[PDB]
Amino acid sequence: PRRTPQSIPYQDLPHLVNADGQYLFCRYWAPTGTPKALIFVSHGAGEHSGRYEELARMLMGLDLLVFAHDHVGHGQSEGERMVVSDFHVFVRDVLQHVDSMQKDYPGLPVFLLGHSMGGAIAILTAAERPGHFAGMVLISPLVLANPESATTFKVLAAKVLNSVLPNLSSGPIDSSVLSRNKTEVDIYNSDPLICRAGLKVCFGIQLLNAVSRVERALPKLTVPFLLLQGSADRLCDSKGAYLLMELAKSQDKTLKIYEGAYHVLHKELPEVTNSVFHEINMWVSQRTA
């Protein structure tokens, strides 16, 4: 029996096998009756699908069937931790899962919800299939890197390093910049399914590839979207949210800025989290009625 990295047999859990023969752990939240729509939840770097329990329960409460998987190299899925052969693997695997759900629920509209790197994955998925998705909810999507981290000098130095020692790691991401809510920082720091090892050079290069690919995809993006962004985000720069609003061709695009908020808006100070849940609820409800 194939087992998760935590030694649990996949036969005990919801799962799928991707095109590379890797098992991905899956999570579902289905309503009691006929769903109004489907929504895939796309998590960020280093985290996993279980972090979306409360948001998913809210969406299921709106009669959507919510589905997710842990991206390769994350959570309870297989793969070396936080590495990927090419960023497109994440997009391909989302499309596999979406195609499987659409075959089981034909005719239902499908939405995407993505945070952080998961938001870049959602943008690239929707840009790969224009007109396929009904809408997207983006929570601090990866559109622009922190400008102090991604200078030309440092990107060229990382490309040189990647050519020699692709597995060399930097220090870990500073978890205190994820959220002003210190209880949520403590929860993040003690979740065994989160990867807090330093970012490997090779994966840093894939995240730079995601940024480059997102920029080229923006003029192909026509899907309706809700974009939520904190003004003090040190991981996905707020300028990227403004760039997405300017360059996406979508006729239905809305931005809400949370002044002073950090990166994980759905796990921020209660005033911010409650607003994020309310805005997503309203936006999805208006587009599923």
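Residue numbers count along the first chain shown, from 1. By rigid core we mean the largest C-alpha set that fits within 1.5 Å across both forms. What changes on going to the form deposited in another entry:
Just one residue from the list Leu95, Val155, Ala197, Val83 crosses the 2 Å line for C-alpha shift between the two forms on a rigid core fit, and it is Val155.
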The other form holds:
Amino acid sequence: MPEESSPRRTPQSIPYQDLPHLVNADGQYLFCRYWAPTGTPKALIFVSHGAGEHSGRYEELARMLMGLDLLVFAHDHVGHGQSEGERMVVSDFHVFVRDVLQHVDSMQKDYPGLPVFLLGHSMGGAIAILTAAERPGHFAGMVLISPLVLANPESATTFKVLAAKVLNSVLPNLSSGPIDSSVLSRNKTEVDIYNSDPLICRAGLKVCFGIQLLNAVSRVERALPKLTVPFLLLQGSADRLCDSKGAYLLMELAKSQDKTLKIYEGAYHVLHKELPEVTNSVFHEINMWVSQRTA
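So that was the form deposited in one PDB entry. Now I'd like the form deposited in another entry, please.
The following holds one chain only.
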């Protein structure tokens, strides 16, 4: 008699049978999160995390959104957090967009006729833009927190040289240095929390993944004149990771009839985990923006 193989486990050795999950088109398990209100939801909202991090970092934002009677859902992107895949590796950047679309499609089957929003930070913002651009008119709105539109110029110039060298030869281990965690937020407690989280990949950026982030930037640029989805864009003026010039480019080139930019003067990258004055404003602005578009 044949036997069923050992249960599939997360990279942290937890069986997927014990966790909310989804199997993607490549047969990879993605770890899922849900925050549903007690009553009938007004809308659905997918939360799209950034490079190296995971969906668990959106607990507070998701509970605020759930408090607005929205059903919030997320997953860890392939190669991240509790999902399968070699850490910080992706065959093509579109895998992330395809998987967001599978999860949105699955949720819309369980909750038909509901409007669907996207919330994305940084790489997760680039994924949200490409997701909305793939399906014009399907999403009700997008909330972008320091989305990856234009990388820091000095950082991108150094990386593009490193990328062309990997593209010309066989160097599977080549990586750039790790992200300077101090540039993430002026809130030192949040920098320390980021450095303490075992689900975060704090290793150097592998050149192959960096090339996919370069592809994301190129694709976002091409997608902008196709964008018609309503959006709220939040950007720090002192962001060393996603250049503020990218947020002005998105406001200028998107075709969306409903677009709003809020600049946080002197703020760093992770606006939803910045100094309390910034973070409280970020939560309040998202709250007002989504409440106005779900009323």
